[PDB]
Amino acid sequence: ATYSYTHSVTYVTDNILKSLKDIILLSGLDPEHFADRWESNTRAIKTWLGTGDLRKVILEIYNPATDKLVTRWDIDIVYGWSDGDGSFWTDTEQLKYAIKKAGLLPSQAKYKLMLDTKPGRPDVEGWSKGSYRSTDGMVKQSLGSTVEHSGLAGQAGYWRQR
């Protein structure tokens, strides 16, 4: 039936965040901090997907005793949306199997969501310029497309120690 770009945006937003929660949960971590940020994360992601400015959604999982990345989960946005498609899906099966592959985490591994955007993006309250933790000595792995609504898609990958 009929759908709008905002429908596709909303589907991808909720399911990116659902997927990241699942990653946190299945990685053995407490999703409470992710819940505390759900509202802020939703508004930022939905806004920058709506304007086409969101490039990547990133979850750094770091060791707080050394401040170095243990692992990192990326969702790259693919802007291939079409008004005459209508199909949608979320593929979290592959995410589950990649969790062993991403690496052993410390008991109290902490996490932080970050958003990579085009320069001309609109401001979103509370979000400001930040910096990536180093990925030196880490290896990117790709899981292919894990969420799509009507051509707007998210390609998931993870970084492991090499």
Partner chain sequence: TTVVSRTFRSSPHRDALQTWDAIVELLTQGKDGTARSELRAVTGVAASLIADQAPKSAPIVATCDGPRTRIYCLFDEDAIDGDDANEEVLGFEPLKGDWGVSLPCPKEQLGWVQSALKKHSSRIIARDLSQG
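Here, rigid core means the biggest group of C-alpha atoms that superpose within 1.5 Å across both forms. Residue numbers count along the first chain shown, from 1. Compared with the form solved without its partner chain:
- With the core held fixed, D76 shows a CA shift below 2 Å between these two forms.
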Second form
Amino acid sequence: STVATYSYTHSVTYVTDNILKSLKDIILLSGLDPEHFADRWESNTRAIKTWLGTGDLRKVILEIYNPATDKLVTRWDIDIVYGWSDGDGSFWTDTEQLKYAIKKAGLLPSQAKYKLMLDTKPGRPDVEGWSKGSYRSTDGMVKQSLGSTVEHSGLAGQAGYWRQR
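Now the other one: the form solved without its partner chain, given that the block above is the form solved in complex with its partner chain.
FYI, this one's just the chain on its own, none of its partners or other molecules.
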């Protein structure tokens, strides 16, 4: 039952926790209410950690929509980069990266809501409480990528946001 200081599972834990931290910061910096995100933190954690460990998680998706129209105002994708090696490489959680992009994302509508989904590889293990979902349309939108947002020894989440035109 040896526990290694540097390991894939430590890197997975770091990236899991700080992807969720980063999404919470996006919600806060966007002026939204984090309660709904709080209420599902543990279930979001269990699923993200599981599917990272098997290489099955493709993206973490946070839809931010206008409740009056149900349309996306923006969508934040955290694409997973499976470039891990050794486990003793450099790491970071670049909150300042998100604050620079969120200025460019633009003001959100009053009382905008959000929804988290997980993009997975078909052969993924089932995780209790998770079912096939649906995307809100991104027609007329393109994605802006920001670079490595959450990093630990090559395993990374790279944030991006969808915008109009």
